[PDB]
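Trainee: Could you build the full structure based on these sequences and the hints that come with them?
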Amino acid sequence: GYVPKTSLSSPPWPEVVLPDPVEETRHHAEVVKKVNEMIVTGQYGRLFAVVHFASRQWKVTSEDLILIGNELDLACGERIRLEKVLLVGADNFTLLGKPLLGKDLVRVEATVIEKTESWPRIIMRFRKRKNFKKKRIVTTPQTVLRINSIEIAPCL
Amino acid sequence: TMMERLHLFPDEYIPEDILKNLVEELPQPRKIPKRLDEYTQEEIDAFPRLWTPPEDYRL
Amino acid sequence: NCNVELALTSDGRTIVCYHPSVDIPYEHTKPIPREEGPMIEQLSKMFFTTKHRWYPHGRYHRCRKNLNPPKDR
Amino acid sequence: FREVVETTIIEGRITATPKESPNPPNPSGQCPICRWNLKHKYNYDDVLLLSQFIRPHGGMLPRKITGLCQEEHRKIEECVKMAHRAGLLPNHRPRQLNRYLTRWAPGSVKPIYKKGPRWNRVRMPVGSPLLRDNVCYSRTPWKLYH
Amino acid sequence: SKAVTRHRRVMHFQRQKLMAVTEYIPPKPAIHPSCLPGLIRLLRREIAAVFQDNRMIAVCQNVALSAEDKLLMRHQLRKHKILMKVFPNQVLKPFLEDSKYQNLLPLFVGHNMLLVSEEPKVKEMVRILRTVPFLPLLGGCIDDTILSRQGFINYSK
RNA sequence: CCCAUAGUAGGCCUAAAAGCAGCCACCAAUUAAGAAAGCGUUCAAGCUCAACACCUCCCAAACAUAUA
RNA sequence: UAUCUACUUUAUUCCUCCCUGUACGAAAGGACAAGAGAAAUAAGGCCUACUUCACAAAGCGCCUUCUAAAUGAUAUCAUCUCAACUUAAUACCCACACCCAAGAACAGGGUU
Ligand SMILES: [Zn+2]
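Protein chains in written order, with the authors' numbering: chain S, 49 to 204; chain K, 120 to 178; chain a, 44 to 77, 104 to 142; chain r, 35 to 41, 47 to 134, 146 to 196; chain I, 30 to 66, 77 to 196.
Think of the hints as simulated: they come from the structure by calculation, not from any bench.
Even for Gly, the Cβ is constructed at its ideal location relative to N, Cα and C.
Fair warning: there could be bad hints in the mix.
FRET-style restraints, in silico, Cβ to Cβ [said to hold, decoys possible]: (1) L112/a to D156/K: 44 to 54 Å; (2) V185/r to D156/K: 23 to 33 Å; (3) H41/I to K120/a: 47 to 57 Å; (4) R182/r to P59/S: 14 to 24 Å; (5) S188/r to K178/S: 50 to 60 Å; (6) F174/S to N135/a: 52 to 62 Å; (7) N135/a to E162/S: 23 to 33 Å.
Mentor: Spelled out as structure tokens, the structure:
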């Protein structure tokens, strides 16, 4: 049970003790309460939000633009509530979900700017001495969204 | 160019025009071992001495 | 540098992290104090780059360089 | 121990012989190493043990005196070599390139003038295979050959 | 390449992976086991009959004589009824402890020569042991009383 | 590491070949040294073993300590 | 009839004498090292002589060339120790035009 102070006796990594969950959940409760006061009193500037739209996550803030490589099945100019927010932070605090934030807590709202297609892209196949040469020209449809607002609710 | 960014000096002596630019002293990767000389009294006293030498041995 | 405050919420679905900025203390601060080959050599030694960066390029490379590149932000 | 004092009168005098420390945490062993839970818990670093188990001129005591088992007597032998050549024992002299973990004597190692191909490369031995059975606090094991 | 070759043939890599995976793993012990915790009866009878044979015993230091020298000393000791006896001391210590020889225990170690007899003629062994300048007459015991060397001189005189 | 007497220079044939050129017995003394295990001599003499008594120019660079 | 790569100024040996026919060995035999010579080759130069020869280039000519001892443990003797120790490159080079010992061109040196 006892090993004296020796090079391979103690671990090289520094010893750390995790606090027992009683005062830790007290600390968690006061931190969540105080962040809730910062939300309800407007102690945030502008907010950023990692948002899982079509198949990929975007670091979305207000007032900005996103390009999406598919038809969205919407005419231009309609607004959108992007569900699947999965991180929302400000200058002083963040709120990240497991794996998502609730729909009562974050409202991220976007507008459909434009419905274009991509530039003509080249798909060319070539195997040598086998006379193998094929060429295809693709243009993938795209929609550009204007994120309008990322507002937050004091429900914690 | 990366190799020309780096400056090597063989001794403790560094020119003054480079000592005015440093910011962080990186930690040495290897844990330096220490000899009998750098042991204090409390360190060797805190270490328990392990065995019976025979009373009659010449060394 | 390490000082933030983490907290799982009550039902345990979101993680609330709190992180104010650490301001630099006043006591941790200082007061404000108040030919052609040799040219390439001097510029190389002054900017800690090789000599090869400083020789000019021909007209073909000077013409392909974009003069009004797309600017973001 | 005892000392042979000569001046011509020559005599042998016993002086200042230690004993066990007051408690071993795991008694009923055969060797002090097995008795202090140091079976696989030392290195070339710790010259406390290695300072205990040696003569004042860098040599070791025989196993019949210290009572060590064969395995860790050989381990202490190699650790004496590794600690002497690393410069960790400066007061145990008979009467400059920095090293550590030197298995072989630095005076009798031939340079690898022709290291082989990728499948037959002549590696540089680092550390010792006697200390192979140490406690592994590293995620990846010791590389004894570099 | 045939399947039976003069040199060792290189295995297909999947087979070598089999020979590596299936390799014999010997059981590691939890604690290493090295760190875990008619002639003699004849000698007993013979030296026992010797012990209740003699009345006084003298002992010597005889390995320091030549073969011819041991032959001569055997010759001048043959005219007496005395017998000589050497035997290992690790069995002589049970003999000394068995014969309640408490004061003879720290006497019989190393190379020693026993001179069992029943009547005094140690005088001429003193005479012939001044003829060589070594081999002292070691201490003995007459009828459970320790004889020192000055006691040997007094007992001789 | 020690330690090495004696029946005997075992008989037979062999100039003699003695434990050691070869055949056969391989008994026996003190407490114990084999009629003999390797040098060694024409042969001997000497020496060791056991046992008695103490027991074309190499070729990534490198790194054994931080938790699969 | 050379297009592209690559490239075009990085001191030995023999013989003779001395040491010495010393040490060594016991006689026969017989040193090294260092030094002095006489040669030869190679490299680097040079024209005073000789020779081909003549405002100079040459050679047959000349000059210069600098692993080992104790001590010692593991294995208290011992042990050279994949035991610890201790001891036994300089130089060279570097700020128009006319003639040239400089040179294919360009360059380079001199022009008081
Ligand atoms: Zn043990």
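Trainee: Could you tell me which of the hints above the structure violates, numbers in ascending order?
Mentor: 6
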